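Spelled out, the chains give:
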Amino acid sequence: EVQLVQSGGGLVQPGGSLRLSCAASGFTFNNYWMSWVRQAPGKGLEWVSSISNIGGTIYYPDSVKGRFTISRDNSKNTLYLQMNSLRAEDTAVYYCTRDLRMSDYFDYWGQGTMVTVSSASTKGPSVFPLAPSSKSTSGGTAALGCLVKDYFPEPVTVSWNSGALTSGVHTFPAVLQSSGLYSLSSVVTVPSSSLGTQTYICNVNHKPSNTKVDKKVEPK
Amino acid sequence: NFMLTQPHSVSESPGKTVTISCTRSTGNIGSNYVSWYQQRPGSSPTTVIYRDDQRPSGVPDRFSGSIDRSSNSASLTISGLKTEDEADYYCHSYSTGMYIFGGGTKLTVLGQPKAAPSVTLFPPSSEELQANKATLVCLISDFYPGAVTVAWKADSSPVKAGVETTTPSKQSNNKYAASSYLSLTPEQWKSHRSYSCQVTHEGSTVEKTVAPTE
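Protein chains in written order, with the entry's author numbering: chain H, 1 to 52, 52A, 53 to 82, 82A to 82C, 83 to 100, 100A to 100B, 101 to 214; chain L, 1 to 9, 11 to 27, 27A to 27B, 28 to 66, 66A to 66B, 67 to 106, 106A, 107 to 210.
No lab work stands behind these hints, which were simulated from the structure alone. Among the hints, erroneous ones may be present.
[What the hints assert, rightly or not] Pair by pair, the computed Cβ-Cβ distance ranges are:
(1) L:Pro109 x H:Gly157: 29 to 37 Å
(2) L:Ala112 x H:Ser187: 22 to 30 Å
(3) H:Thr116 x L:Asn1: 40 to 48 Å
(4) L:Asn1 x H:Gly65: 15 to 23 Å
(5) L:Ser14 x H:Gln13: 45 to 53 Å
(6) H:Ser156 x L:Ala127: 22 to 30 Å
(7) H:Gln105 x L:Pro182: 30 to 38 Å
(8) L:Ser42 x H:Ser173: 47 to 55 Å
(9) L:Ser168 x H:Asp208: 20 to 28 Å
(10) H:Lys214 x L:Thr80: 30 to 38 Å
(11) L:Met3 x H:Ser187: 48 to 56 Å
(12) L:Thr145 x H:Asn30: 14 to 22 Å
[What the hints assert, rightly or not] A few chain L residues that don't get close to chain H, going by computed Cβ distances all over 12 Å:
(13) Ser68
(14) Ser72
(15) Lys129
[To be verified] Mimicking DSS-like on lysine-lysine, the simulated pairs with C-alpha atoms at most 25 Å apart in a straight line are:
(16) H:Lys129 x L:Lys17
(17) L:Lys110 x L:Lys204
(18) L:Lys186 x L:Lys204
(19) H:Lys43 x L:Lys149
(20) L:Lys129 x H:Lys209
No residue lacks a Cβ here, since even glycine has one placed at the ideal position from N, Cα and C.
Can you make the complete structure from the sequences, with help from the hints?
Structure follows, in structure tokens:
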């Protein structure tokens, strides 16, 4: 069967360089155009580069022109992508493809190689209360929570009242911000009649920075 | 240098038929071959249609492709829907040294009742404002299918910077959650009358508002 075996990639800082490789079996290289297509996390497919059977013709989109170089070694049945002057927006899974040029489609896809471009380093979170108020209450149930802002790397764990409060707790998956730092939130729904009688503390643990925060969440 | 536009998401029950459209902005859809790719969650894409309506070997005839020039669109139709068909689908066309993809359509094969999102919007905390920062927090939960889009407004004007939104993620009850954050300065927060987080799910919206004057 056709195989497209990818390697390379990894983590670099902005301005850095990486080389991707795609070794092929099951067809003769010099008979096919080959391409790279990438996909940023949660986003769509984006074509990166294409090269003809022989290397006589190369195409790039403007998004990578002057920074990325596609090449191939037909005697080794191997395709390369040299990525220079990398930036955070280049973070993506990169797929090697075999093309059928005369039919304008990609007929086989590699399993992908992850490339991460980031200057972020270990940083503990800034934890803020999300206080219950009349504006966060619906028909007798109040929502309260805590915001865990601007930490790196994952993960963070959140408990409430040292694990004694579990019913109604919802800790949301983190967002990766364009700053390169993560944020997440944890919310719990409780009876509004409990706001004057119960204490609510969110327990945040960010082991990568050796930080714990116990944040009291007081009603407004 | 055209665009291909697809719906954000579609859904149907097992055994039914669903269609995903792909509309070309400029030029004629029939001028260039359209192909379609299936991408299951956490997986690499595979081809399901090429040359407008041809199936690769190993792709069943439940998948079909068509072209409608009157609407300048291509369509992927999947009959006899099975759970394995749940995936994102992408259309593709080439022209003049450029390879264009549609934005992708999430296909859900319905395995439970649909549910509209619950939306809770929190204003910046006093602590964050006193630290010279401000974040609005829009928490979106309990929706199915797992596809939403999120837009923010400052007073009545769409916000185009400072927004961070997650992909939907499956909850332990098999519905979906997402969150969106709006970054403001404290002066920005205080100088507007209201902010809104607008969540679109299946073509209908749930919008929550918060006000600095509380």
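Right, here's what the structure says about each hint:
no.	hint	verdict
1	L:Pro109 x H:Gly157: 29 to 37 Å	holds (32 Å)
2	L:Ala112 x H:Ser187: 22 to 30 Å	holds (27 Å)
3	H:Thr116 x L:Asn1: 40 to 48 Å	holds (42 Å)
4	L:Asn1 x H:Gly65: 15 to 23 Å	holds (18 Å)
5	L:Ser14 x H:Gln13: 45 to 53 Å	holds (48 Å)
6	H:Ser156 x L:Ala127: 22 to 30 Å	holds (26 Å)
7	H:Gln105 x L:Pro182: 30 to 38 Å	violated (47 Å)
8	L:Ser42 x H:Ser173: 47 to 55 Å	violated (29 Å)
9	L:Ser168 x H:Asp208: 20 to 28 Å	holds (25 Å)
10	H:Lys214 x L:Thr80: 30 to 38 Å	violated (46 Å)
11	L:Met3 x H:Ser187: 48 to 56 Å	holds (54 Å)
12	L:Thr145 x H:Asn30: 14 to 22 Å	violated (45 Å)
13	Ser68	holds (21 Å)
14	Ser72	holds (17 Å)
15	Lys129	violated (8 Å)
16	H:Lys129 x L:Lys17	violated (43 Å)
17	L:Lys110 x L:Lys204	holds (21 Å)
18	L:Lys186 x L:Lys204	holds (18 Å)
19	H:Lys43 x L:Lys149	holds (23 Å)
20	L:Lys129 x H:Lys209	holds (18 Å)
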